[PDB]
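My structure is below; once you've seen it, I'll send some questions.
Partial complex: the chains shown occupy the same locations as in the complete assembly.
Which chain is which? They are A, B and C, in the order written, and residues in each are numbered from 1.
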Amino acid sequence: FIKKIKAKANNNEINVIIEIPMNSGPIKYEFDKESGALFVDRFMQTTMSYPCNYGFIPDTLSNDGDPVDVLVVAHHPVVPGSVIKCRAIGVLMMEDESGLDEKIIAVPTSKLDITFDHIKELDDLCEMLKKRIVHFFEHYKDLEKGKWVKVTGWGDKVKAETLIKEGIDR
Amino acid sequence: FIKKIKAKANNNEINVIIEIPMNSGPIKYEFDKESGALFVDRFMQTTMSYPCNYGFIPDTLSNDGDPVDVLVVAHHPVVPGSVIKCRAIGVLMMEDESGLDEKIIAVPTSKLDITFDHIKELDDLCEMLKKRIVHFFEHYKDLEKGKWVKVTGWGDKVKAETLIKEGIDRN
Amino acid sequence: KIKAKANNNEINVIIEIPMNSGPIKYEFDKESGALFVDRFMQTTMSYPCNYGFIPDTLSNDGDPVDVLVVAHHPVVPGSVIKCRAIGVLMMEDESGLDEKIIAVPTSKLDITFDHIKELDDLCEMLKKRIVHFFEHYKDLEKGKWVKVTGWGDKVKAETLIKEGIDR
């Protein structure tokens, strides 16, 4: 199914296949590219869990050979393997032990969740929500030897849009 | 997998691909027929959640080209995308903003849940469950602009079987 | 599509029934790749382990080699755990004889299982719960029963897996 979902349904939206639902315990899942199966990547050893629904845009390629990764801000978790129709609003800038690490910040389209309609940019998101996202990524690998993540900042909507465009065209 | 499952395993059962589990919060899921992926359709704005497991019968086309939809009465939710083996016992009749809408009422086979063995028709279901199904569909689109639902009535098992048969034939 | 083994020290296990997940028994259908509800269990019992099978395997029952993955947390149905076999559980039932592989996540998935090399490393009460589950879970199912006969060691598990892969 992953090879036949489009990256974008229209000009304004992106399709994001969820791998890890918000607040759903210690399991990190990842889709295997060459089989389409959902693999357990890790039983996490902290008490932490994802601050948003996490997944990727199908039919995309980042610089690292992986699809473009997305954090979908939502009011509720969604099952792994399900697709949320979203719009990009910004990007989370990070660095891990192997270099640059960017995630798109997206919200569901208004036909899925009208309460996000007024959310157009990162500045419209709750400060504590953003602090919590930062805290999660800066700390979720603290007990994992060899691996770390540092947040460097945020990028705007235009940056999110160009990165997704670059991932579709690459 | 949707394009690989028969509508009926035998004369007396239907396969029902589940989209929305019973009593499982505000998420409304739907299979996209082109990709075969399960899409989030809506984060529902009411406090309501589905009174039965909800899905469709593969390899059927209803009147309007959509697969035949099913309410699987059960005691427990199942995973979205899992398939329940069922038998039809009736149909729920409604009207929505785009016209006539009908949903089959079904129960698992006795091989799956023996406790449903003696439920042969709608009248075998308790009154309050039927009332809750009606009240759900009448009200779950109350906060959704442009979209409404009104329940017309019920039809028996023979009406369900004819509806399923015409779905398989149309497919 | 998915290998039975990623390397010599590992098995891939597709989960059908998560540990401690209520009454639903699931089973993957080969031809469709769909997850079918097998039954709604009539007892108050749940699986004591994540339960599934090794892809690309075939045992004498005509089914793939099935596996009880000992774990600290449930995993969603249809997800794949990277594992290693440590033992086998031996059973008899109404259909003949039955064997389930006892596996644990690789140390890449869950470092806390690194010290678990054999069945003797599993805690006693876990093994008793496992035995108790299989001996009683079909109690309210007419015409079906299970009886646990014993355990098999690591090499026995590897042999059963090798044989499953060849067949």
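What we mean here is this: a residue touches a chain if its C-beta (ideal position, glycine included) is under 8 Å from a C-beta of that chain, and two chains touch if they have at least 3 such contacts.
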item: With 3 chains placed, the number the full structure-file assembly comprises; value: 6
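In this text, only the chains that are shown with their structure count from here on.
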item: Centre-to-centre distance between subunit C and subunit B (centres being mean Cα positions), rounded to whole Å; value: 33
item: Sequence positions of subunit A contacting 2 or more other chains; value: 79, 81
item: Residues of subunit A defined as touching subunit C within the complex; value: 25-27, 29, 32, 35-43, 45, 79-81
item: Sites on subunit C touched by subunit A in the complex; value: 1-2, 14, 71-73, 75-76, 78-82, 105, 108-112
